[PDB]
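What you see is the complex with one protein chain gone and the rest in place.
Letters A, B and C name the chains as they come in the text, with residue numbers starting at 1 for each one.
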Amino acid sequence: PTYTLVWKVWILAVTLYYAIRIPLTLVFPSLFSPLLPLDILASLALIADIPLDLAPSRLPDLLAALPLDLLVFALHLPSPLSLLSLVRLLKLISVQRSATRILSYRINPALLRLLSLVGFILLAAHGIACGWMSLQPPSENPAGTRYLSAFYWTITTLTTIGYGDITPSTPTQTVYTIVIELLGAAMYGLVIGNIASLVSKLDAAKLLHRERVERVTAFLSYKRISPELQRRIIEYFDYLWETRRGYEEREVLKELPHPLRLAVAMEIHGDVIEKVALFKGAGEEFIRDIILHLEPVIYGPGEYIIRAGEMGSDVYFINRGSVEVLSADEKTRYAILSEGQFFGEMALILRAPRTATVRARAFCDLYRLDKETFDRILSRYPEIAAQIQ
Amino acid sequence: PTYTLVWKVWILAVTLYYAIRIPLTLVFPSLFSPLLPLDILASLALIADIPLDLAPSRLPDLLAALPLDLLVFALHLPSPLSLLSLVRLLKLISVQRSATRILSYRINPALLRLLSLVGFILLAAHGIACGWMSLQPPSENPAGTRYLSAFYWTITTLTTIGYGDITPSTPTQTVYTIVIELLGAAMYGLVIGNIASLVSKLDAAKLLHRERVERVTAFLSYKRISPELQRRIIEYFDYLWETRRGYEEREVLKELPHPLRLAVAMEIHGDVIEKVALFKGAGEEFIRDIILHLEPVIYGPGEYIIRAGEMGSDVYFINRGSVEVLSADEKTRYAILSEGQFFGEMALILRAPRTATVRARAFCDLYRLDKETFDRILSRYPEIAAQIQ
Amino acid sequence: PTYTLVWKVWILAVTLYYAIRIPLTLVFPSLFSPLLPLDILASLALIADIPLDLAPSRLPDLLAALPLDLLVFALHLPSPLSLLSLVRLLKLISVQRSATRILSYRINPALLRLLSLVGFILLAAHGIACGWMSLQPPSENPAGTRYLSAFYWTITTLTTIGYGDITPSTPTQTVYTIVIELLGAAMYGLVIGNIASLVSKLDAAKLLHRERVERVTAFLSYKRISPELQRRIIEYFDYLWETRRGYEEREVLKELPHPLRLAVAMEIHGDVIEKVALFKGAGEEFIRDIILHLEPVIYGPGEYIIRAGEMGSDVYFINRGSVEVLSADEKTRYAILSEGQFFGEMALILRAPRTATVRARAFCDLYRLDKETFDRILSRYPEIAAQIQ
Partner (left out) sequence: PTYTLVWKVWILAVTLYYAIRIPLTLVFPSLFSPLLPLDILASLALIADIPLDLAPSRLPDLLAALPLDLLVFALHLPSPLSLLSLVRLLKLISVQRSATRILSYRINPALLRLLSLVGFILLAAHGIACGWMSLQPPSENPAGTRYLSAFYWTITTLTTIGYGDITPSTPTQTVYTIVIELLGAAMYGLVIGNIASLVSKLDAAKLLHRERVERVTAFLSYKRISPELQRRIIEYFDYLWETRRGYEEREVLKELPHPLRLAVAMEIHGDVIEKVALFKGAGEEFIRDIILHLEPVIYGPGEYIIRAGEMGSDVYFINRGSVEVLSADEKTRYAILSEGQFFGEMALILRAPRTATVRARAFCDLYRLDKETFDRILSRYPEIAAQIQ
């Protein structure tokens, strides 16, 4: 549903309202004007979200729900006790722990952590500036100019810049300053770390592939291999990057279980299926057993697949590329094949050698049957086995 | 035991006492008041821990135990020789090397390194501030205000902020300042590095899973596959994340040896065990041989497991989900199965085709027997083999 | 082709011209002198590149092509509206997205990202300094001295140094300063992250190898193994690092498909091929079947390969190193073999035990046949099988 979503958003806005008012009031008690209605509404939202959640871990919600702030603000309390209203916070923890699940997949987790941290940083800067322009000699100056200098200071401190135009004078100012410096250096170490971890995973494939190619190459040069083969290999890896980004079909489809892998394979070879069982008569238990045995392979341009005098024994189904057939030795082409078709069948149904030569024309992406396996699951079905003659 | 633990804690507190007194005294010799008893107790603790340890590597303990400080403090020594009392340190090395083993597993090692580094940082700041408010023109000012400005300075320096409100005047001040700047830039590089390494390993599974899904998807789109199958795959991966966090059963149980793997499997299928060998009569050497051959598999909602005209030859044991049985083609359901039950048995004990259809209702988590293996270890036990008829 | 390349370079230079003039003019309207021709040429280049691209994603090109700047500059517009000329930017996005593909392989992607980021940084510094020396009390000072102080300021800010020699005075200055501080701390976090990710992948092999050796060693010492064997192992790993950088032949050649792997293997063992089939008569279907079964192995100096009383049954082809033959027990050497040669043949074609002993002399890199496989694919070809007698 969405009501829980909009509700959590309302809780977020409420805790923001509190995080921003609480301290600004502790400094400027001239607020708490006929503006308590919003405080009451927010307290009600929190005390009405604590049960929903029920529909250690719940300790923050309990500490945030009770109005430990309305008292201190209504009945004037002194400086060291006027604090403890911040207990109305600690709901930000629940907010983060909720929105890290509501939005746990659609975006990188590191990015989400980074944004949360930045929000936390800015709220803390707002609180720290309030604390600073509290620890200052009282003067007659507008509250919009006392708050600007404080934000300027705490941002030059948290940022590790430190101009030096406005500095501590009294000791307590100095202790506050020390603590803020440490939190800034500790708040600036987290940002950099999250960012580094976020960029160290952007270009993964374009690094894995690069390392794999470097490995292959650096290994071949030790074997003192010709540059032509090196160039063929490099072209192969380029073609394998600019289509599927470097991934191998088998290792991938192995990450899936049997039914989904079968459905994939049956959505791939569907065309071939409507080009084989036409005059055969089988189906639904034979097509589904070989299809998991088809192993892929890629033949570059000009590479020989089948020669006119061998006994390969296998059969090849094309999926993407093209192919040309030729005579044994006179480079005369019978025809040209393309996707969907198939060849290598005779030497399977029949134990004769090959009758022609097969040379590719461009980068193929075809599949093949070992025939030890294909002939093994044919014997098991004797009807088609008789159909082959 | 715990006596060694509390003892190491006492040694830690003692070396802390020394790290904090040693320099503060070197600056303020007005200490060394009738406060030597604590120094004697700590020297005794160190000289009494050096033998326990015995119950290069031991060089620091030897240099820390001898009272090279009590002399210098008792018999007044000049400024360049009043040093060398810090030899009482170097016990922090033993402390770190001990507590990195006492607490080596219950918490992340990087976190522990980070906390140790921060403690080392603060102690060094305390020492550096002492050194600074030594290298200052002598004046009549309280010692609590001379120590605050020094800590403020060295924290603005180590932090890489550098306001500029208090700076070096004399040359030796300037050399001290240079060294502190370098140590700060070298002390601030370690913190950031530890933090980055600590956040680069929080969300591991939620990154491995994400990359695996991106790979699968980006590979399928190249094969021009329908979006329905893509959605089924995504739902599968979601269900596989929100239960076991992305981990595969086989790859995991493979990280264990044979006895623990067997005990696991026998705690899992225990229910099935009390639903099979009832009227059989076997046990303790047959149940324990098949159980290691049960391979898991997951069938999504609506996926066909068994059809009314095939010869699957296998048998399926359910563990978590549910299932429905149906006729061949008229979508009439005989009954509904749930966890603990089993089906697919007839075509195993008997070589007939299937008699019905089996379609899942929700995400199953079931197990299956190949039957090549099951029928192979049945033949080996001829008694049950006759029991099957 | 190259015309598209030089064209994209021209587009890059044009968008640079704009990024550098646009703001410098907004500050110094005394420009827009008889210097509009270059602006017209650049607008034409952009409006003429938008169609080529055609030969969301295209939104930036559309916003950059229309002359939303020529109006504002021709007809004088006020300060808050004189902006929006920067819409002529956003072409840098297309520039980056184009040059990240044009140069996606020849250099590390991280390095490219880093250089792009640095360029973006410097352009932003140029814009920010213009913005700063706009938000300054008007004075009579040369424009080359007002622009230097601004660049100095924004570089001391973006860099997180913050001397403090020139600072904000007015509030709007202060808000600008806050924003620049945040962007600097956010612009300095990206640089460090990219750099860390760029150095964390330089020494990969020299780290993988090191870890593998540490693992092997630390495992052996637990088994209380002699140091001699440890030294032999270390020498082996050194020799395996200083030739092929730690990579194993099989795992590597497995990253290739069958045809390229076959061509590799046939370029390697080519010499052996012209030393075997001389008096045999086979070829093109037997040489090509065993060659994929040759498994490599490395024998250190002094290691026994074959002893005079065993029945190894295998045959060894040498590729790089040398070897010595010897009698059974009297250390008398018959001859010495080197690369290209072969031995171990008799016990293959004949089922007698070995006749001599074979000890290496230096680090060999040889290959061997199991003979279960070699004798299996020989039977399949009965002609040579009769040729062996």
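One rule holds for everything that comes next: a contact is a pair of C-beta atoms (placed from the backbone, for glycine too) under 8 Å apart; a residue touches a chain by one contact, two chains touch by 3 or more.
Listed residues B:184, B:300, B:321 or B:344: the one in touch with the omitted chain is B:184. Of the candidate positions C:160, C:174 or C:357, contact with the unshown chain belongs to C:160.
Within the set B:15, B:94, B:149 or B:200, the residue that contacts the chain not displayed is B:200.
Among C:135, C:216 or C:256, only C:216 touches the chain that is left out of the view. Across B:243, B:327 or B:338, the single residue that touches the chain missing here is B:243.
The set of chain B residues touching the chain not shown comprises 104-105, 108-110, 113, 157, 160-164, 167-168, 171, 174-175, 177-178, 181-182, 184-186, 189-190, 192-194, 196-197, 200-201, 204, 243-245, 247, 249, 252, 255-260, 263-264, 267-268, 284-285. The chain not displayed touches chain C at residues 145, 148-149, 151-152, 155-156, 159-165, 188, 191-192, 195-200, 203, 206-207, 210-212, 215-216, 218-220, 222-223, 225-226, 229, 232-233, 236, 238, 297-300, 303, 307, 309-311. In the full complex, chain A touches the hidden chain at residues 160-164, 192, 196.
Methods note: only the chains that are shown with their structure count from here on.
A separation of 22 Å divides the Cα centre of chain A from that of chain B.
One simple way to say how far apart two chains are is to compare their mean CA positions; for chain B and chain C this gives 32 Å. Residue numbers of chain C whose C-beta contacts span two or more other chains: 160-164, 192, 196.
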